[PDB]
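Before any questions on how it binds or moves, here is one chain, the form solved without the named molecule, in structure tokens.
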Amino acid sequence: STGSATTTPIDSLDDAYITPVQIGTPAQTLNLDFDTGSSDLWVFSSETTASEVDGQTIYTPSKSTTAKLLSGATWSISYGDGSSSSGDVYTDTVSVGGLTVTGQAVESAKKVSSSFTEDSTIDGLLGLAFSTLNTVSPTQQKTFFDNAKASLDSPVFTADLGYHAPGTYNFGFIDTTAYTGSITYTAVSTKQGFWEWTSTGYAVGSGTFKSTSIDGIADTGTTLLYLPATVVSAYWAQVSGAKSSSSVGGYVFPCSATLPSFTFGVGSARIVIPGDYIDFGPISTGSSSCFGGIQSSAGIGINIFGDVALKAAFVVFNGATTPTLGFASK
């Protein structure tokens, strides 16, 4: 089997991407944020505290003939930005882009933090990291990909995120029309539960490539590119007036700037992030200070190749017995 679904930016900045997902019988379609940095499929629901729902579409298990309470199971998760959610668990039929999994754990939110409530465009998350990170207790649950894997034509999914445009998540096949040149594959460590890999270096603009190992995660659920302070300083030093602002919470730059590109290495291959991808617009409405899309990972504890980086590439998440990651230009 295969599946193919379009993923769409939630706003004009590409702060996140939503993908329609069918849950239950008859189908209830929710728009979920596919997150290769976590491993829970959770949804706003009929169980979510009413004051914490503001415009999201909810899953109502009582209206699904295939929903079953997973008795005794609870979940609770926190994200890198300090947001969180928790609740109980149902199993139900879940389809993405024509690919169907029966008996998928659908984690129903009883509580969500304010940042979720305040974003009416995201109805939940669909985790695509390794199932070892799944938070369901006392019986850990598998991700949608893990459940689908054996049925797929090939044990892969691909992320093809757009810059200020829709893109595609495919399951079970590699669309050879969706990228240019060849795909370069690189080793993955699953030791921390992530799609963790090592970039071979970077360049700023038209500058020379610096060969240096940068361990990090391929994370569709993080907006920005978070890299070591040395790397980030070298990038922003090429932008007149750019500075790190503790009050704003990262590097800002004059909105009048033209940003340089940023290149990262994948083995001997190179992925170029155009400068415009690194512009996250005014820090507040009407400001002439703009927020940078490359930020320091210092104090996160891990480097994160988030959407800023991934949207510059066609990315293969190869879930074979020994997982790997592939990157191609597009």
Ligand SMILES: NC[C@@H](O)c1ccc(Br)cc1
Contents of the next structure:
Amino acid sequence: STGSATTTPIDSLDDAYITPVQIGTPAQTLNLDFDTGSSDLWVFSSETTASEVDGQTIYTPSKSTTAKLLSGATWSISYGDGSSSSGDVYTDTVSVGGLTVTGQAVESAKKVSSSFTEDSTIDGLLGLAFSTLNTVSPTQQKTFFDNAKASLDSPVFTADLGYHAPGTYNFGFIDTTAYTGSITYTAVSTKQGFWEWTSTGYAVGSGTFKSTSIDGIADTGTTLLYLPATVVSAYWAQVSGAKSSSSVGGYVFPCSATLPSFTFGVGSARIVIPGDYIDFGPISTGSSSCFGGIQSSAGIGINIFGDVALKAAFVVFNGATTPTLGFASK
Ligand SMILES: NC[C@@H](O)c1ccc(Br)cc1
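Let me have the form solved in complex with the named molecule next, following on from the form solved without the named molecule.
Whole complex next, starting from this chain.
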């Protein structure tokens, strides 16, 4: 089997992407944030505290003939940005772009933190990291990808995120028309539950490539590109007026600036992030200070190849027995 679904930015900055997902029988369609940095499929639901729901579409398991309470199971998750959610668990039929999994754990939120409530466009998350990170207790549950894997034509999914435009998540096949050149594959460590890999270096604009190992995770659920302070300082030093602002919480730059591109290494290959991808616009409405799309990972404990990086590439998440990551230009 295979599946193919369009993923759409939630706003004009590409802060996140939502993908329609069918849950239950008859189908209830929710728009979920596919997150290669976590492993829970959770949704706003009929059980979510009413004051914490504001415009989201909810899953109502009592209206699904295939929903079953997973007795005794609870979940609770905290994300890198400080947001959180928790609740109980059903199993139900879940389909993405034509690919159906039966008995998928669908984690129903009883509580969500304010940042979820405040974002009307995201009805929940669909985790695509390794199932070892799933938070369901006392019986850990599998991700949608893990459940689908044996059925898939090939045990892979691909992320093809757009810049200020829709893109595609495919399951079970590699669309050879969706990228240019060849896909370069690189080793993955699953030891921490993430799609963790090592970039071979970087360049800023038309500068020389610096060969240096940068360990990081491929994370579709993180907006920005978080890299070591040395690398980030080298980048922003090429933008007149750029500075790290403790008040704003990172690098800002004059909105009048042109940004240089940023290149990262994948083995001997190179992925070029155009300068415009690194512009996240005014820090507040009407400001002439703009927020940078490349920020320091110092104090995160790991580097994060988030959407800013991933959307410059066609990315293969290969879940074969020995997982790997593939990157192509597009
Ligand atoms: N996208 C999931 C989010 O919780 C996350 C943020 C940062 C890191 Br490191 C891992 C995961």
